[PDB]
Structures are given as C-alpha cells and as structure tokens.
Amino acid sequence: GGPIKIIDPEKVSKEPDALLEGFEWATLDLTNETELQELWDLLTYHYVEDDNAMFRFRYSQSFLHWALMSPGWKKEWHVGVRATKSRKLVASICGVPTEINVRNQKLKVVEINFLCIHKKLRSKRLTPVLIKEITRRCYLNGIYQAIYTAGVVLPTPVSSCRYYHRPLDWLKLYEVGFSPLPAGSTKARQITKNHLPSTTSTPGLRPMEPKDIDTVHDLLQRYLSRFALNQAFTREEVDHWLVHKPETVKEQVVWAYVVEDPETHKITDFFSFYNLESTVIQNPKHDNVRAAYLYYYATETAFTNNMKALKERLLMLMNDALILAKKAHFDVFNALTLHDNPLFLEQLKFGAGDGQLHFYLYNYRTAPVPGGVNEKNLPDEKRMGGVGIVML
C-alpha cells in the first residue's frame, strides 16, 4: 500500500480553526504537575466506559506521565480545550511520535490517544474539531500519518482484536459484577479453577535490569518483524517502555521480566505487563479494579518455526506472568488476540470479553491485517502474524 495524499507544507495553516463559543485551545505542559492533575481530573470522570456504565478507565498520573512523555515527545501534541472564563479543562486529544512497520515499509507517525470530551459537551460535533487541530499541529512538524485504536467502528479499519480477561482474584471480580457464577457451581469451585501456583517455573526468570536493554531490544525487533503491522522500537523506547525507574517513578506502571539462560546466560525470552486500574462506578463493596495488561514479549523459540514448540514455551512464560501479577496484587490480567496470543489465551483460562479494539491508520492505505480471531470472533492460530503493536 502507501500514503493516501501528499501534504503541501506551504498550505498548512499557522492558526487553528474556531471553537464553540466560550472555549479556546490550550497546549498542556505535562511537566507542570497542576496541568497533569487537570488532565487526570478530566479523564477520571469522563474517559472510556464499558457499554453497561459499570467500569471507567482510571489512568493514574504516573501512567500518564509515562504514556505521554516518551522519546521524541512534543508538548505541542498535548492538546486541551478550556472554558474561557473558568479556565477549566473540558476536552483533550494527545499524540506521541513513534515509527511503525507496515508490511516492511517503515513509517514516521503519531500515536493518537486520550481523546476525551467532558460529558456536558458531548454530541456537539467537537470531536472532528479536535481531530483536525491535532492533525494541523502534526503537519507543521512534518508528520503526516497516524495510528490509533478505538472501541467503535469507523471507516476502513486495518484489523480488529478481542479482549480477554484471566481472573487473578476471582471473588473480587465476582463482587464487582464483572465475573459470572456459571451456573451449577460454587465460589470455591471458581476459586479452585483460577488458583495459581505460588512460584514461577521458568528457569532463570528474573526482573529486567537496565543492563538487559541492548539484548532485549534485539530480541524484540526480531520477534516483532513476524508481524505485518508492528512498532519499530528504538533503544530509547525499550528503555522508556520496559524499564521501570524506582528513583524517579513513585507509583510503578511497567513490569518487565527476562529469561537469562542458566547455561549460556544469554536472554532467551522476556515478557512485560502494565498497571491500569478501572474505577468501579456504582458499587458498595468495592471502589477499584486493579488490572494488569499484557504488553510486549518475545521468545527465541519462535524462530524454530515450530508452532507446537512456541505454544509450549508461551504456556509456561505466560503462566509465570499470571503468577507474578497475582503476587503484585493485581485482580485480573488482560490480553488481546494480537501477537501469538491465541496460542495460550483459552488454555490458561482467560475468559472472552465483550470489548473489541479496532486498529486504524491515518493517510495510509494497506490491505486488511489478521487480528488473531476468525469470523465467529474467537481465537485462531491460523489468523495471527498480523497485529504486532500494543497501544495503551
């Protein structure tokens, strides 16, 4: 495929379009703690809810710092709208730069995230106005393509993936209304079903350390290249997205583990997962669901091109991930059908979700890509090799 249109740099407007009366554009400076707070206040009460109004995503301030100030980031791409009189932040749309591979073409893009409109300004056609203004701001900086995911269907998706959920603390997920009691069964039998080992089983598995950066970078890129659509990681991005920094990050967001070969001492696998709570909206017993999401991972056994061998190693690596997540007090472990994940989701007892994530490319045309599912929307080993990028 290829780009849909060429942008004339000389016709990109210097000033933004007009906004609804009483409102004005504002560039957010998220190094300023009050503005980061303002953004957190908007998202906490106005961001992504499920269709039953039971859970709302609760990105923490530390997550946002991490997600929005990654290598190459520009404040010009953190876009707000404020009420002119109260100065209150009522809408947002953000991007960060990265490079992607789309069928062996390498593309400079922005990843678009955190589109949010205060509930009281909904249904006023403000979204197209947000979208068009961040577009202009990117165009001024020499970026002309974007990638994004959404829960809703818009023109020409590149792929689609289903959410899966492996219960770590089943009872709490039972009390919040998330997990069913099905149907001639017992709390105890469900806890039994979900009970995990207390120690990990992969030989040489330890926490990732800064010294592992170069070797993990190399393994990740090799693995990711087995996917038609992937993130082309830099060294700095491996550092930023995978290596938690104790001294500077007060609330930990990223968790990475490597597999040091007991004999050769070369890293042969790694996996990672991040922390993203949901607010439980109307609930007596509980306030908070603590969720871990599967992130990037890689394994040398994938290059043996033996699908049975890969299944074996992933079944073991991922079950250690569950055990480690449980140990860090997470209530549920979430994954999508992207990567080689259909090889293990069901067998490790993830239950199919109702959530769907659709993937989009702006100003770039390419043939559809497999999302790990089939025409019944259930995991399928023949339908992988497509989506290799995970977006927050």
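Positions refer to the first chain, counted from 1. Between two forms, the rigid core is the largest collection of C-alphas that superpose within 1.5 Å. First, how it differs from the form deposited in another entry.
Note: rigid core superposed between these two forms; among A26, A352, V48, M69, the CA shift is 2 Å or more only at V48. Core-superposed comparison between these two forms: CA of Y362 displaced by less than 2 Å. The Cα shift for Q37 between these two forms, taken after rigid core superposition, is smaller than 2 angstroms. With the core held fixed, the Cα of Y59 is displaced between these two forms by 2 Å or more.
Could I have the structure of this protein in the form deposited in another entry, to go alongside the form deposited in one PDB entry above?
What comes next is one chain alone, with no partners or other molecules.
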C-alpha cells in the first residue's frame, strides 16, 4: 500500500476556502477557558444526529483536555467556524497527531474527530469545507495522512467493527430505553443475567501508577505490533492517555490497571477504559448514563500464540474490568470487535449493538484489515489481528 497522492506543502494554499456568507474560520484556543467552554457548549447540544435524539454526550473540561490536548497537539488543528455577526461558534473539527503502523509501514497521521455542526446549519455541505480546511492545516504542518472513524458509509473503509455494550446497571439502561427486554424475559431475569462479582480475580491487579509507564509502553507496543493497523504510542502518549493525574485532572477520564506478577513483580497485563457520560433527554427516571469505553490493553499471554491461553487470560482480565467499572458506578461498558475483543465480548455478556463503526485512512491505500467480525457482522476469532488502534 502507500499514499494515494503526493502533496507539495509549498503549493498548499496559505488561505482557507470560502465559507457560507456570514460565517468565518476560527482557530479555537482551548487553553482559554471561555473558548474551551464555547467548544463544549457546541458539542453538548449539537454533537447529535438531530433534535429527535434520546441521548447527548456530556463532556467535561477533563475529557476535552484528554481528547484534544494530547502530545504534539496544535491549536491550528482545533478548527472552528463562527457566525460573523453574533460570534457564536457553529462548527468544529479537530485533529491530534500520532504515529500508526499500516502493515509494517510507519505513518505520521492526525486522528480527526469532533466534527460537529450546529443543528440549525445542517445539510448545507459545510462538512466537506471543514474537512478540506483541516486537511489544508495538516498539509501546511507536516501531515498528509489521517485516520478516523465514522458511522457514516464513506468510500473504501480500511476496517469495520461492531459496537458491543455490557450492561452494568441493566435496569437503568432499560429505563432510559437503551437495553431492550427480550422475549418472555423479565427485568429480574435480565438483572440476574448481568450481575457481576464484587471483587476482582486476577492475582496482582492494581491501579496503574506512573512508575508503570515504561513497562506498559513496552508491553502495549509489543502487543499492538501484532495487528496489521496499529497505533505506535510514544512514552508521552502512554503518560497522557493512560495515566490519570488527580492533581490536575478534576474529573477522572481514564481508568488504567496493571497486573504486577506476584512472583516476578513484572507487569504482565494491563487494561484501561475511559469515561464518557451520556445525557438522557427528558426521562423522568434518569438523566445520565455513565458509560465506560474499553480502551487499550495488553497481555504477555498473547505472545505464546496459544489462542486458548489468550482467551482464558482475557476472560479473567476483562471480567475484572467490568467488576471495577461496576464498582466505580458505571452503568454500561462499551467495546468494539477490534484488538482480541472477539475472544471475550460474547462470553462476558456484551450485547451486540446496531451496525458498524468504520475506520478510514485519508490519502493512504492498503488492503482492508479484518475488523473482528465475519461477513455476517458476528465476532469471529479468525478475523482479528487487524485493528490494533482504538479511537475515543
């Protein structure tokens, strides 16, 4: 595979394309509290399909710092559009840089996300204008490839992964209309089905500490390198994305845990998940769903190439993840069919969700990579080894 087109950054326009009359380009300064608040307010009410949505996200300053101010981040890649007259921020699109491996070719990219347009400015084709502009700002700044996910069907997805959801408080998820009641099932039966143990099982499980950064970085690298398409974290990335900083982060976003071998004291596994809350719109019983999203993990057992051993170790580790998330008062535990997730999603009672998240690469062509599912969109242990990157 390889790039699709070569960019000459000296021929890249120094000025952005036209916007709809009455709007103007903005660069968001997320270090400025009022501008951070502007992005948050736009996302809170407008990062939603339309007025009919039953859920919106609840962002926090902590989440936005974690998502958008990762190592190498640039304010030029926090793109906004404002209404000229009111100054209101009406759209956004963001990138942060990272390195990925695409079938053994190292690639500097940006990960693009937080594309969002004010509900009242939809269907005006501002989206391609936002994409072309952040593209322009990346081209000017060293970067000619990007990686991103979307639910929308765009050409040539590099992979597609199915959504899965493990009920931690099933009743709440039923009451807000997310989890169905099967059959001749009953609420009590679904509550029993989802009941978790109160204590973890993996010997040596403990919260990750900053002293674990190096060994987690190394383990994660060796583990992800096994996947056709994967993220090549630096040490700084591990510190940013994986180590909660209670001094400086007001509302914890990442939960990370390691397994310190009881005999060797070497860390032999870790996993992590992040918190992104959903607002429940006008439900008289609940107004939020606390969702945990499975993030990165790794285990020394993978390197034996013994799939039965690996399944066994992941079943233990991920059930401990659920137990920890439940103890932490999360209501649901979300994951995709990427990594070795098909080894454990179904058995740990993750429910299959609707449709697929697609992964794309911009300006890079490679054979599609297996996304953890077969052609029937069912988790398949023969269709892993493909997607070794997750995105928030």
